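Partial complex: the chains shown occupy the same locations as in the complete assembly.
The chains carry the letters A and B, assigned in the order they are written, with residues numbered from 1 in each.
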Amino acid sequence: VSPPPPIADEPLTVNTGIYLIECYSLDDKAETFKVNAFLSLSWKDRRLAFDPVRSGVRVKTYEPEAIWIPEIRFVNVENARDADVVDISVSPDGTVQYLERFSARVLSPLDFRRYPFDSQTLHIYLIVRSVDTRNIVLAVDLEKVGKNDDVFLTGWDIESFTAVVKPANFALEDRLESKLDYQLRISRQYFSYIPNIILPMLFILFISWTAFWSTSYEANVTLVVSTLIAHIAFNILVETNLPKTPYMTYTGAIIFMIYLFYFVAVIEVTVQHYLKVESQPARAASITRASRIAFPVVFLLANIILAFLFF
Amino acid sequence: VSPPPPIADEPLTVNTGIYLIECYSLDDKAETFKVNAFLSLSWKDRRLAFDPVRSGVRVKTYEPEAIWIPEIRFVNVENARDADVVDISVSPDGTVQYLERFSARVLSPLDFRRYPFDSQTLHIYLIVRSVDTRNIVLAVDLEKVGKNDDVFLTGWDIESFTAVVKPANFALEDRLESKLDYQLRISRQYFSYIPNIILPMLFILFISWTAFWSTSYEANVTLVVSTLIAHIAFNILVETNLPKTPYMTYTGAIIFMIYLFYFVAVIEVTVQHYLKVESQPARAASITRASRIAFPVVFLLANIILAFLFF
């Protein structure tokens, strides 16, 4: 088999569509997601044309090996897609309608800057390479792009699944390549982060601030050091759910800042004890009373600054 | 091979059945389960009809390649099922009996709202896409739906395996699609959660309440902060066995609420110490004595409220 011959000098247009059946396993650390979908292909092959009257058939079915089929690949996949051909239908003018169901693990970078209040645009890049005989170009049949209503991605909200209609045509290894960008827009369900990480982390921080209403150094050291350790546990927990980024994430920024608050609280607790031992408690009392206001105020303002820089 | 031709205009009815052999790996985080089962298919193909008197044979056995077989797929699977054909039998009137043994990893959402006292309905969706020549519709042969007595799903009780007899017929990418819903009803074995998570979590909480019978601030801080850390460990342990949900689970609610009790216990311990330092112990004594009753009472009532909202 060889590619369909051009009537004039035109490129062969392969119309495409992706219909999502299942979306699962969005792995943040790996920056991958698994997909199960229909891939539809359509092109004209004059050599397969027929007259309906003398044939007695309005449509003709073929086996993949019997006819020429464009070698369509995904750019951003781990391994080649697992595909099973569903149907190959030919109309009288030789218009081929190809349908396959596939499953693939897709590599798509994620922007963690606003985590866990982030949104992402996942990409599925469709590609075809041209042959010596002719140039093969991809197109989007919008009527064949979509997703099942039941498509759920655990921990995410699916906003839209659209295709950038104009392909990116370019040369690769001295042959032209036609690339389409299918975009799946998603937004993270931040809900669970509030009772599981955010609030517990705030509670332990506020508990360390009770040391500003205590003159007991031994108790103060216990309050600040114990809560700091619990903060380290949350920092470790958060970083296990995320890849290493060359930038600060919103959560990472807050987590990092909270260490400064623990560090300054230890200085305050030390200064307070030192003065009381040096028979200067009036003074230590001034520092402690100021700290009761300063710590929550600086915490609020620093958070407003951070939220502003990130959102 | 091509589909059996219609006598009139009727759709081809493919009778189905699923008989569960093994159920394993119900993964809560992934919202998947693995299944090993028999898939039974039955349809009439008049082209295969024969005379039983002259043939002397009641049944003819065919190889899958020799005859036309409907392309039956599962909607909610990770990858296409791993199937092995067991038997193909044809009756004299041309009724085909197909039997395969398959294994598949099934995607089925779980409702964690009542965890670990939850029940689930797992789904296995069977599907067929109509061909250009004719419309294919699915039916349930109840005589071929079931499960082996030894079918065990570790940590769950299997209640029933039934099929919704009426298929969901709909158009998808300009063809008809016939979908059947096989339902596996299961209930979680909550037993182990009691001695492993629930009771240990209650013991540490009650231990924090012994601070209401102590005037030692240093010991009190140690009691409340140490048990709080142990509570954080249980919170982390619980969240590792569960996916992130856009809602509160029953366990999540209790775990979250317990933080409030630790937070208020720290305030009480602080207030008590502050008053004793300020030479107001009679007052501190009133707050501490009230706390001895208030803490267990509010804990009981808050739990009754939560159990009511969730069950």
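In the analysis below, contacts are C-beta pairs under 8 Å (C-beta built on N, C-alpha and C of every residue); 3 or more make two chains touch, one makes a residue touch a chain.
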Whole-assembly copy number, given 2 chains displayed: 5
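One rule holds in what follows: only the chains that are shown with their structure count from here on.
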Residues of subunit B defined as touching subunit A within the complex: 2, 30-31, 71, 73, 75-80, 107, 109, 129, 131-133, 172-173, 217-218, 221-222, 225-226, 228-229, 232, 235-236, 239, 243-248, 252, 255-256, 259, 262-263, 266-267, 270, 273-274, 277
Partner subunit B, residues of subunit A touching it in the complex: 17, 19, 21-22, 24-25, 34, 36, 38, 40, 58-59, 61, 82, 84, 86-87, 89, 99, 101, 103, 144, 148, 152, 154-155, 189, 191-193, 195-196, 199-200, 203-204, 206-207, 210, 213-216, 218-219, 222-223, 226-227, 229-230, 233, 237
